[PDB]
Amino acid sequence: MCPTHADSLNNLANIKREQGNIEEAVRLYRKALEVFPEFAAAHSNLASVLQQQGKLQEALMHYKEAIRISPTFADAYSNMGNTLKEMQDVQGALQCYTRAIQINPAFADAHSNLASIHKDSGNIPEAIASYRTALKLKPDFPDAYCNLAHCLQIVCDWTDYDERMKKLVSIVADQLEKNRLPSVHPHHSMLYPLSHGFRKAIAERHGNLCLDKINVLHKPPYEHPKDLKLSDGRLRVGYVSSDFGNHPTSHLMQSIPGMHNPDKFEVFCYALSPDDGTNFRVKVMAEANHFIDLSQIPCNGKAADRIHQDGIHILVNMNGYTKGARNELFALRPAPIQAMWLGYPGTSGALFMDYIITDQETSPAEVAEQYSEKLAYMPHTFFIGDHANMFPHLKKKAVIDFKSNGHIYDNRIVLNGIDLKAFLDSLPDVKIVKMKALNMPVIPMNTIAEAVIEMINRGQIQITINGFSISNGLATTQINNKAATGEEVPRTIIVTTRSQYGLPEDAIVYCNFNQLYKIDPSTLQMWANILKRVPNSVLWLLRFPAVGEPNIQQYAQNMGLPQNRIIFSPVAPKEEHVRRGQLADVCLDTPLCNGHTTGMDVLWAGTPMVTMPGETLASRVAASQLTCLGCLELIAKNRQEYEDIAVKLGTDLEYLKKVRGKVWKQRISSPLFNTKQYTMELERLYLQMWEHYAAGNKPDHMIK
């Protein structure tokens, strides 16, 4: 028992640890502590690498020791905090970060970690404040800088945007050289002008964090099936998601498990989340051949084992680097074929993923170098939505003519309803506007139209007309919470109007209902150019989040736009959100990162969407959606072409009518919203993947 004996072991181990051999670092640190038990720095370092190994309970014990031994050890409080955060004790993490800060007001990391808790909780201003404090205290601090950058992206603070982008690139480049974990998150990397090489490298380094956490389990390779004989000629497909519940992913693909053909497929849904009580979870549970709640099996070893016992041929990763992911499951390779699908719009960058399911428009061969996976092409778009099932009440609209001697508009006052035809047939006088199968009933301004308008204007919940229930589209939540979320189809007729959202009755409405983080200065310039060329037009955006609004309005004033040219509405429930798209004339897609779910949402309302596909997967989805829809005239080769298409749609009301009618027809007539066709194509593709493997081949691009 000696202090400088133990001191030497600690330095040998920071060495092994620096190299990257985590496993030896531990054995050294542990000998250091047998030699000198009261060695604060050893306890703290052992704890740090136990945390990396995902042995949180044990890490936490050693942090506690470090603190007992050295009570001024701010650093150990800060990392104990992080351990508690990963353990879901955000309460206890918070106490750690705050205690660090009281003991050493000048200690930057605790300020940064306090900011991350705020950021995770949606408190973006509180996060910005604490990241700024960390950077005053320690101006070279990449973690703090890159998280502040994402906070600023979220609220559309573009102060020193180009200089900031230049510095994020600079930090990633330095961190990839110096072999550290990059401070830019792979999901965020799509937003910054990094190289395809850098984005893939960022992904790959996040993938390797899974390898550290599964190497501690010391499991051997699994024996994979070589044939379909034990599964009766059925291919066993395992869908793995944290999002079988009320989450966009489920709003896209909840119908698909149920649409698989039982003669050739056996469907396993592996949920990483507990049952949130919603119908989305009910449906996947009810319709999958097998539903396994892996939230009840927190050990990645035992969960991977469970996948392997079920005999899965193709395991499908629906999370990539999103909240709730357990990529450890995939790193353990319990299945012989492992595919990225739908939920993550980027590469895993990881050796443990074989294919990415995409399409020729989204992921053309010229840009294959950005993916670590082999391309597996679906015939049209990889994108899909459940809109035909969730929102069939929007398959048909009717309007009210209130101008009377004026225009018959398709989007100022709109009725939708499963029982709309019956309500219309009860009315005396209904003009039917043919659409040069399809037609738009027009309620003229009788006293019934006045009663509907009265309801909208007095802000009443609902009225009754000839026994039919007529709902104010702002009150869906009070009438039927389940209809509001998309869990139920509304059983009332819903009225939606521009007057509800403060949209001008006599103007072109350009919408974008994405989260504001997808907007960059260039995009708002493009939009300003369009608005300047189409007088009285407005841009319709969401408080997504609200603190973004003042920032965008400021950048818009500096571009010479009066305040009233951009109209902000609150985020709404799913069904109001999709329905009120019917009020727009055109949707202006964000080129930096496209609307994904949001794209399918505007197209379901028959709202034409203008996009400029970039190079990233995330920047090409809207074009892929539109080529499948069959509207190639809405895809721009550059900013000039985008502005021109938008301006044409706003100035040439005959062209607008034609293109809106195209989208309105083709949402039904094209493959885009056809879940049965989608599922059958996904099945054709699964079988290619499998035949290729059965013939004894390593994975290769599937383009035919």
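Residue numbers count along the first chain shown, from 1. Each form is matched to the other, and the largest set of C-alpha atoms that superpose within 1.5 Å is called the rigid core. What changes on going to the form deposited in another entry:
- A movement of the C-alpha atom of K55 reaching 2 angstroms or beyond is seen between the two forms when the two forms are aligned on their rigid core.
- After superposing the rigid core, the Cα of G92 is displaced by 2 Å or more between the two forms.
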The other form holds:
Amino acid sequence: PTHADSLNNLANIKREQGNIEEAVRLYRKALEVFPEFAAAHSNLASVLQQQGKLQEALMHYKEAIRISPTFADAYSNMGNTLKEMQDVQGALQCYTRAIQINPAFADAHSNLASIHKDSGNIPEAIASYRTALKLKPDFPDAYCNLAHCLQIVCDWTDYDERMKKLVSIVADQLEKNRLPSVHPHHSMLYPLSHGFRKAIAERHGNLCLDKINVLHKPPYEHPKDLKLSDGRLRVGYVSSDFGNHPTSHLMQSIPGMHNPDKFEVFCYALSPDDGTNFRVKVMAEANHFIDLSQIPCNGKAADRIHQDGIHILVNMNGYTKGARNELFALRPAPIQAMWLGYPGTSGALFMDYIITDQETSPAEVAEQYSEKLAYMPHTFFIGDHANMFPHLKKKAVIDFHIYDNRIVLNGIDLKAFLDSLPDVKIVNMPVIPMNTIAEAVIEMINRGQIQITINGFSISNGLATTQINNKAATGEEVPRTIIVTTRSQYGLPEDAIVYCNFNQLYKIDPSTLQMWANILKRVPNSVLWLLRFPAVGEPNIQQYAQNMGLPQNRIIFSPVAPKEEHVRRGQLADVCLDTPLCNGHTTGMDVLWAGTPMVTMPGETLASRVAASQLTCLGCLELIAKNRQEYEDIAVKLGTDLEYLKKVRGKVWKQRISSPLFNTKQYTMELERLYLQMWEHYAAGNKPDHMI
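Take the protein just shown as the form deposited in one PDB entry and give its structure as the form deposited in another entry.
Here we give the lone chain, stripped of any partners or molecules.
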């Protein structure tokens, strides 16, 4: 029937509008008029999938394919559903089957590429995106995702046109009020204006509001005082990252450090228990731990939050994997603030504050954010390194004249081992002379042996960490052996400067590699140290470096290492060269914990300024460049003026303890101060305003 057709078409536009509830109702009326309506089934499945009703979606997709066995669109959209359910094999069958039916089906090629990208097969993902774009040259989703693949592997072919193309695509989609193909979590990597980046984020917040409007929940009424909570402020931390994830590696100590007399801490996990000590710790130390992964419906979950009586609800995800921002769109709490996991604005009106600081987000630049600024006193960034990696608070070296980063030892029991040795000299850095002991250590390293015993102490090869104690390798336990780290373990020169960056390669852009090459040309006795992150980016970096006048052997790549080895091996470098496009954030705390000075050039985006905010708190303004020339000058100076390098390294080494940077107790008390500032402001009936 054509009556069914008009119902189906009306529902389609209702969906476009984001009236999810209305679309569903019309699709069902269509199937009531004309039950064998394959397209209606497939369209109903699609709006059901949008609501999270994945099993019901599947049922209607299979119905549409039953009616119409070559319905390629249904296979492709069905595979999207299977992908959301984590059934990657199913999705592959669906996508591949759609392409067999119609080899000119661009969307199906694009959807297959995304599967390849997710599994890390960037070469195959790039190839399938190019088919999509060949079959359908105006294809923003496929173009923007291809651009991100090329970013991941440091493919800069036609880089400048690509950037211009991305801005134009985003410009066109934002005008037409569609959902931009550049993901908000990627938009700092491209030369979009701040308003475009804020607009991309806003479009994604709107998606959340559409999905919760179909719930018809009335506003929550919020506490106006602290009387039902015995005078305590109720803070709820929402995260899908309570477990083995950088977010827990940064803030896992903070819940248990809250003051129980003034604060009551609720942790709302959006992920299931992954079994790691990170999840154990947060569960054990929060006042209340709620596993909202058991509660997939956002209406109940926000109910569950509202009943706990939360005054401040902290969004730790923004637009990252596992987020459930519908919860915040429902505003179960009177104050909702973005905290630490999302380095950008949400652009969403249901977020009141972004917890940042003066250096990361100077007021002059407040227009990049939809949220009011909430300044922590130093840096908003934090790290749990003092708790996870205390064996790195002290080190000793071997005098194989005296380097602090060629052959290093760390250990909780290091002092006792040193006291068992005949000759040891201090410089304060203990130095072990090249005796019989010192040769056994180097013997173990050279021979690839896993461990040895000296004077009863266990001496571990820093490369064999997951065989000696895998929980210590990941940061879940503190190593209970003495660990030996050397430049020889990584092919690093004993007799030259080592510049390092341990970030994912996608943070490098053409300008940054050019700066780095300028630096290494000026410091002939030096190498750049990078990670295979991923390894398929290695040959592109090598080539662009050689086209910049840089021999292959000046750049030394290593594999990604387990967490503790990654942090520990940063001691081997002299200097970290930070990525300006997007700094090291977590990785910036890792490198500073090793005592390694970091040169940075803050841009304007929040993600381009985190490193400079860390160094300001650390108290090392001399490492913060105002432009590329200053960046190269600071890096070349640290690589040539060796007494100055010695001075700056001692400053970092000492300041990582005496500054607030790694001081989670002080940070938790600053955060508390800032919370009461937020609350009192609202408790006097004011709306969110900037908190400095």
